[PDB]
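S.K.: These are the residues of each chain, in order.
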Amino acid sequence: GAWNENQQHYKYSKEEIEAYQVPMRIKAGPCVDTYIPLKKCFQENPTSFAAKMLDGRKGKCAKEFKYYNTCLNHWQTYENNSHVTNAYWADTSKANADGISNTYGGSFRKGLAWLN
Amino acid sequence: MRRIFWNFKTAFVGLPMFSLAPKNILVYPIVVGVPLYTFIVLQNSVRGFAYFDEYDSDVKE
Amino acid sequence: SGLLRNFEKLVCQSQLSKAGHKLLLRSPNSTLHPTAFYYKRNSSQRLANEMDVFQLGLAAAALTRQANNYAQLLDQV
Amino acid sequence: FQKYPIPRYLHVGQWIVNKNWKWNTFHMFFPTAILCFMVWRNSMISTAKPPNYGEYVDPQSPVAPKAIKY
Amino acid sequence: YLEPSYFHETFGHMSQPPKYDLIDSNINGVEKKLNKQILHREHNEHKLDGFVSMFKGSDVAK
Amino acid sequence: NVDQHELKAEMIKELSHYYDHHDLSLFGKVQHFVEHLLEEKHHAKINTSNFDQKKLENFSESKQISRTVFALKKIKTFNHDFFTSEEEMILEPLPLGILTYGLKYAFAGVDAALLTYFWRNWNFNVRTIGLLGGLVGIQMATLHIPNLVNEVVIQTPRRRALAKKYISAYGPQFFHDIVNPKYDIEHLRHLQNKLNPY
Amino acid sequence: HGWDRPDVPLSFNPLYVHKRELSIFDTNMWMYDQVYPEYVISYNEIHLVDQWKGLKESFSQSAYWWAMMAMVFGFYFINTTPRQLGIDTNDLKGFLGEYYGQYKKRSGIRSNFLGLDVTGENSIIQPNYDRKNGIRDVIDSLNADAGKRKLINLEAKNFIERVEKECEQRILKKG
Amino acid sequence: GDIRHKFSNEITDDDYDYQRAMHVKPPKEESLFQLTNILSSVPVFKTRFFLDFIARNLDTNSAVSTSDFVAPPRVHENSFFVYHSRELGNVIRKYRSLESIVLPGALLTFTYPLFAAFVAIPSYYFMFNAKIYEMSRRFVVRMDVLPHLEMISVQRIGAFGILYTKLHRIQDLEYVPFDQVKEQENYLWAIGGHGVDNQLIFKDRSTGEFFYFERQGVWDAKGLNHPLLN
Amino acid sequence: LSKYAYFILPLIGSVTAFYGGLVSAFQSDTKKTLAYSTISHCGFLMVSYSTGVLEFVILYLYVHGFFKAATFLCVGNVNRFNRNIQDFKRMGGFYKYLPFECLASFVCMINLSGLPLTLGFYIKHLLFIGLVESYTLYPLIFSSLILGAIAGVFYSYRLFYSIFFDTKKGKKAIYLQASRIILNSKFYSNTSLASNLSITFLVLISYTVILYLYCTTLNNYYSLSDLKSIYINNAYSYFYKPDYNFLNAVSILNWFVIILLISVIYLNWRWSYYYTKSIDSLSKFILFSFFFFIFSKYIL
Ligand SMILES: COC1=C(OC)C(=O)C(C/C=C(\C)CC/C=C(/C)CC/C=C(\C)CC/C=C(/C)CC/C=C(\C)CC/C=C(\C)CC/C=C(\C)CC/C=C(/C)CC/C=C(\C)CCC=C(C)C)=C(C)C1=O
Ligand SMILES: CCCCCCCCCCCCCCCCCC(=O)OC[C@H](COP(=O)([O-])OCC[N+](C)(C)C)OC(=O)CCCCCCCCCCCCCCCCC
Ligand SMILES: CCCCCCCCCCCCCCCCCC(=O)OC[C@H](COP(=O)([O-])OCC[N+](C)(C)C)OC(=O)CCCCCCCCCCCCCCCCC
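Protein chains in written order, with the entry's author numbering: chain b7, 5 to 120; chain 2n, 1 to 61; chain t3, 2 to 78; chain b6, 60 to 129; chain b2, 64 to 125; chain t4, 15 to 212; chain b8, 26 to 200; chain p1, 22 to 251; chain n5, 451 to 750.
One thing to keep in mind: the hints can contain errors.
Cross-link-like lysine to any residue pairs, in silico, SDA-like; alpha carbons within 20 angstroms at most [said to hold, decoys possible]:
no.	chain 1	residue 1	chain 2	residue 2
1	n5	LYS727	p1	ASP80
2	b7	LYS31	n5	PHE689
3	p1	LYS115	n5	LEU717
4	b7	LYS44	n5	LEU674
5	b2	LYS110	t4	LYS55
6	b7	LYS18	b8	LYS118
7	t4	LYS77	b2	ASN91
8	b2	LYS82	t4	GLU165
9	b2	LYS99	t4	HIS56
10	b8	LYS173	n5	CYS665
11	b7	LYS18	b6	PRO118
12	b8	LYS175	b2	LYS82
13	b7	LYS64	n5	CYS665
14	b2	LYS82	t4	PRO109
15	t4	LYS196	b2	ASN91
16	b6	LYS128	b8	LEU139
17	t3	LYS10	p1	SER29
If you want the footprint, here are the derived chain p1 segments under chain t3, 3+ residues with CB under 8 angstroms [unchecked claim]:
no.	stretch
18	78–92
19	134–142
It should be emphasised that the hints constitute simulated quantities derived from the structure, not laboratory data. Think of the CB as a built atom: it goes at the ideal place given N, C-alpha and C, for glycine as much as any other residue.
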C-alpha cells in the first residue's frame, strides 16, 4: 500500500543493503526497499546503457521499476515540497485562503513576469 | 579507370537477362515442385488434417 | 505579390515609367499644408522676432478663414 | 620547417630515422611487457578488492576490521 | 525528439497529436454510454486520488 | 460512512483548480471555457439499474471477442496491477512516432509560411481565408489519420489475440459479467489476474 | 618546390651584441640569451603606464560589467522565487546527525587509556567541543531548512485531511 | 597544369559531383529527381489548369519595374518628385507592421505577456533601438518638394507600419556631417546605419529632425537640379 | 565540513566562470580563446562541486574535457594551415581548404559552448539545478554564473565564423599556394587523414562515453557506483520532480540564450549588399516563428 513498500512488503537488512551494493544517494532516501529488487533484476538482466536510456518500460524490469518509480516520485516530491509549491503556483489566492501550508504561503512571491 | 562498355537494354546481359532468368530458373520448381509437394502433403490427410489433441488443452484450472 | 489574388486595381509600373502622368498619391496622416504650424498665442517675444513673413502669413490666413467661417455660423444662432 | 644540416658528432635527435626501427621496436616492447608482467604479479600479491555482488562481510570473521585490545 | 524538455521550458507545452484508443467501439448501445460515464468518473477520481495520495503520503516514510 | 463517489466528487469540486488547471493565455482561457461547456458531465452516481443485459448466446464469437477486449480495457483502467507491461502496451493506445510528429510540424510550418506570406503581401481575401480553413481542416483530419491506422492495423490483431488468450483462461461469461455496468467496480479493483506472474 | 632553396641561413639566429652595461641592479631581471634576450616580465598592455593607472582603468571599465550583473540579478530577483534546497530530510541521522553526535559525545577529551594524565586538550591540535563557529552556522541552517520542509509537508497533510473531513461533513449533513 | 589525366586511379570530375550541393559550379547534367526534370516529365504539370494557376498567382508582372526611370505619383498637385526609397523602405514597413499582429498576438496568445515584455524591453534598448527602429524613425521613405510653400514633403514610416508626411522648410535644412554625429550615435552607425547614406545626412534645425537617405534610393535629376534645391 | 569551502568554492567558481567566458568571447587568438574557455569551465566545475552533487561534477568534467580537446585539435589544424598564425583576424574562407575541420569544429563548438539541445546544455542545466541559494553573495554569484553561461555562444560563433566563413582576411600566399590546379588529386588535403580519423573517433567515443555517463547518472534508475560521500542534498529533486518556478527561471536563461543567438546571427557590423535582405529575413523569421507557435500550440 505505502509507496516506499515494495511488492513483497519486505524490509531489507543492513547486511543485505551492503551485499546488494546500494548507492549512498539511494540509501539516504526512503526507497531502498523498492530500489533493491530493481537492481537485483537488472543484475539478472544485464542490458546495455542504450537499452536503459531508450526503453520506457525498462524492458524485463517492469514491475520493479513501477514500484521504484512510484517511490521516487513521492520521495522527490516530499524532498522538494513540489506539491505545495505547485498548489500555491496554480492559485496563490485560493491556497492562502485555504491555508494549505502557512509556513510556505507567508513567504511566497510568484514574480511579476508570471502573470504578476 | 574501369571504362565499362555495356549496351543497356539491348544486350544479352541486361533487361533480356532480367526477363529471361526467372522464367527459366523457375521451371522445374513450378512444374515438378508444386505437384510433388502437393502429393506429399495431401497423402497424409486421406481422412483429415485434424490434430489429435493429446496433452488435453481442453482442461482449464 | 499575391496568391488567389487579382491586381486589376494595381497601378502599372509601365504607367509609372512615364513622366507627367496625372496620378495623385493619397497617404495616411499626410499634412500637406502648414496652416496650423506657426500659430501660437501668449508669445514671449515679437512674432516678427520669432517668425518671418511666410509663417505670419500662414497664421493670418488660417485665423481669417476660421473667423470668417465662425461669422458665417453666426447667421443661425 | 625546412630541413637544415646537423653536425655528425652531435648526438641529437633532430630528424633521426633508424632504418632498423622495427626490430628495435620489437626488442624494446616485448621485454618491457615481460618486466611489467613480473611487476604486475608482484603488485597483485598485495591487492585489495571489496566483496562482490551478493557477498557480505561477517563482522566476527577474521577478515573484518579489528580494534586494539589494550 | 527524446529529450524535448528544452522546448517545454522555452516555448511551453504544444498541442500533442491526437492519441486515443478508439476501443470503446466494440460495444454498442446504452451500455457503451454507461461504461463511458463510468470510465470518465474513474479517470477524474484517479486524478483526485493521485493528488490526495501526494498530499497524504508525506509522513509515511519515517 | 458517506458514499465514496460523492465524497470524491465534492473533493474534485473543491480541489480541481489545484492540480487540473495550469497557466493559460487569454485565448487558452477562452478555449478552456468553451471546452468546459462541451466537456462530459462528471456524475458521481450513475444509474446502472436501468440497463438490461443480453446473454452471450445472442452475441457471435467476434462480438464476444470485441466485448472481452473492452472488458480487458476496463480492468486495466480500474486495476493497474492486472496486466504485465507488454499486455498493457498491447491494450494501450500506440505512441505516435517521428512520422506523425514530423507530419504535424511540417503542416504547422507550411501554415506559418503561408500566413507569413499572406501578412507580408496583405493577401487576405475570401478565397485566401477559405484556402487557409480548408488546409487546416484537412491537416487536422490527416493528423487524426495516423492514429487510426496505428490503432486498427497494429493493435486490433494484437488485442484480439490477447482477448482469445484471456477468453480461454477466464471465461466469456466472466468477461460478459465484467462489461455489464452493474458490475462492482470496487470488486473489480481487487480482482487478481490469473494470467499475471506478478 | 619550383626552386632549389639554399640551407637555412645563420641569420635565422642573429647574434646579439651587448651595447649596454649589464647592471647588477637588474640581476635576473632579464632572460639572457645570445639570440633575442628578453626582459623577465612581458608587458603586452603597456598602453597603461603604471599598475595604478592599470587598476584605475580596470575598475573604470569593469563598472559596465557590474551594471550588467546588477541588471541580471534584478531581472532574476523580480521574476524568480527562492527554491526548497537543503540536505535530504529523509536522512538526518547521517551528515547532520554525525556532526552533532561528535559534538555531543566529546570523545576527544577522555582520559588516557594508560593513565598518562594527559587528555586531548594537551596538544597544539586539540579538540574544542564548545566552539560554536565555522561550519556550525551552515549545519544549523541546513537543519532549520530540513525542519521547515518537514513542517510544510506536515501542514499539507493536515490541510488535505481537513479538506476531506470538511467534504464528508458537507455531504453527510445535507443528506 | 592539372595532371590527373596522366594517372588512371586519379580522381575524376564526375567524382566531384557530390560537392555540387556544397560548391557552386556551372551545371553539367540534370538529375532524374531534379525539380526541373520532375516538372518537365510529370504530365500533370503540362495540363492547362496548372499552367493557368501558375500564370495568375504569385508575383504579378504589373509590380515588376519596367524601366530604369520611375516617376512616383505626386503627393501634391504642385509638388515635384525628388527622392524615393526602393527596397529598404519596404523592408522597414514590413518589419514595423509586425507590431500590428505580433504585439497583440503576444498579448492574446502568450501565457506570460509580462515576461515577453520584460524580455523585449532590454532587447529593444540594448540591441534593437539602434538597429532598426531609430533608423526607421529618421529614415526618409519619400521626399518631394512643394514649390508654392518652398518646402519639402517627407514621407516616413510610423510605429505600426503607418505612413505619415511632414512638411519642412527648405531654408531650415542644414547638412549634418557624419563626423559631427559620429561619436554621439556610434552604436546606431555601428549596427543600424549601413543601409542609409552616412555621408548624406540632413537636418531640419527648427525641430532637430534627422533625414537619412537610403543608399539604394532613386533620385530624380529634374527635382535635384531645381533652383529651390540648387 | 569546511566553512571556508562553502564560502570560497561558489564565489570563486562563479567569478572565474564569468571572467573566463567573457574574456574568451573577446579573444582573437584561437588558443587564447580556448584557454579562457577552459578557465570559465573550471570555474563552472568549482561551482558544480559547490552544489553538493558530485555526479554533475563528473559529467561536466567529461563533457568539457572531450569537446575542448576536440576543439583544440581542430584549431591546431587551422593554425598549422595558417602557418603558425593563431589569430583569426588573418583567417577566413577556410571552409573550402579545411572542410573536415570546419564541420568537426562546428559539432565540437556547439557541444562545448553549451548551446541548447546539446550535452553542454545538459551539464549547464544540471549546474543550475543544484546551485544553492543560501549564500550571502548569491547576487554576485548567480549574476556571474548567468553571464558566464551565456558567453559560450559568443566565443563559439566568433571562432567558427571568423575562421571558416568570414571574408578572406588571410594572406594571399596561404590561399593561392594551396589552390593550384596541379595539386588537384584524390590525395589532396590541407590536413592529414590520420588527423581526420583521430578527431572523428575522438568525437564518436566522446559521444558514447557521455551518453553512458548520462544513462548511469541522469536516468530514473540511478546506476552509478558509490561516490564515498555521505552529504546528500535534494538537488536531484528538481531534476526529477521540478516545480514551475524553476522551470520558468531556466526558461528565462534559455530566452537570454535565444536573444544572444539572434544578435550574433543577424547583427550587421559592416556594410553589405545583403543588409536590406538580412533585415527582411529577420522580419520574416520573427513572423514565421510567431505563426509556427500559434499553429503548433492551438490550431493543430
Ligand atoms: C566585473 O568583475 C570584475 C573582474 O572580473 C572578475 C576583474 O577581474 C576585476 C579586476 C580585479 C583585480 C585586478 C583585483 C581585484 C580582485 C577582485 C576579486 C575583484 C572582483 C570584483 C568583482 C567580482 C565585482 C563585484 C562588484 C560588484 C558591484 C558586485 C556586482 C553584483 C551586483 C551589483 C548585484 C547587486 C546585488 C544586490 C543589489 C543585492 C541586494 C540585496 C537583496 C536584494 C536581498 C536579497 C536577500 C537575500 C537573503 C540575499 C542576500 C544578498 C546579499 C546580503 C547582498 C550581498 C551581495 C553583494 C554583491 C553585495 C574587477 C575590478 C571587476 O570588477
Ligand atoms: C490543399 C492541400 C491539399 C493536400 C493536403 C495534404 C494531403 C496529404 C498529403 C500527404 C500526407 C499524408 C499524411 C497521412 C499519413 C498516414 C501514415 C500512416 O498511416 O501512418 C501509420 C503509422 C505511422 O507510424 P508512427 O510513426 O505514427 O508510429 C507508429 C507507432 N510506433 C512509434 C510505436 C512505431 O505506420 C506507418 O506509417 C507504417 C510505416 C511504414 C510505411 C511504409 C510506406 C512508405 C512511407 C514510409 C515513412 C515515410 C517516409 C518518407 C518521409 C518524408 C520524406 C521527405
Ligand atoms: C503587456 C504587454 C504585452 C505584449 C508584450 C510583447 C512582448 C514581445 C514582443 C516580441 C514578440 C516576438 C518575438 C517572439 C515570437 C514568438 C516566439 C515563440 O514561439 O515564443 C514562444 C513563447 C510563448 O510561450 P509562453 O510565453 O506562452 O510560455 C512558455 C514560455 N515561457 C515559459 C518562457 C514564458 O514566447 C515567448 O516566450 C516570447 C518571448 C519574447 C522575448 C523577446 C523577444 C525579442 C526578439 C524578437 C525576435 C524573436 C525571434 C524568434 C525567437 C524564438 C524562435 C527561435
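S.K.: Confirm or reject each hint.
M.R.: Results of checking the hints against the structure:
no., hint, in the structure
1, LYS727 (chain n5) with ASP80 (chain p1), "holds (18 angstroms)"
2, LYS31 (chain b7) with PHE689 (chain n5), "holds (18 angstroms)"
3, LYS115 (chain p1) with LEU717 (chain n5), "holds (18 angstroms)"
4, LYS44 (chain b7) with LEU674 (chain n5), "holds (15 angstroms)"
5, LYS110 (chain b2) with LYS55 (chain t4), "holds (16 angstroms)"
6, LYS18 (chain b7) with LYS118 (chain b8), "holds (15 angstroms)"
7, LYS77 (chain t4) with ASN91 (chain b2), "holds (10 angstroms)"
8, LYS82 (chain b2) with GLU165 (chain t4), "holds (9 angstroms)"
9, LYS99 (chain b2) with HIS56 (chain t4), "holds (11 angstroms)"
10, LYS173 (chain b8) with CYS665 (chain n5), "violated (33 angstroms)"
11, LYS18 (chain b7) with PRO118 (chain b6), "holds (12 angstroms)"
12, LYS175 (chain b8) with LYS82 (chain b2), "violated (40 angstroms)"
13, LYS64 (chain b7) with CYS665 (chain n5), "holds (17 angstroms)"
14, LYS82 (chain b2) with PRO109 (chain t4), "holds (7 angstroms)"
15, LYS196 (chain t4) with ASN91 (chain b2), "holds (16 angstroms)"
16, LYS128 (chain b6) with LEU139 (chain b8), "holds (12 angstroms)"
17, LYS10 (chain t3) with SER29 (chain p1), "violated (66 angstroms)"
18, 78–92, "holds (count 13)"
19, 134–142, "violated (count 0)"
Hints 10, 12, 17 and 19 from the earlier list are contradicted by this structure; the remaining hints agree with it.
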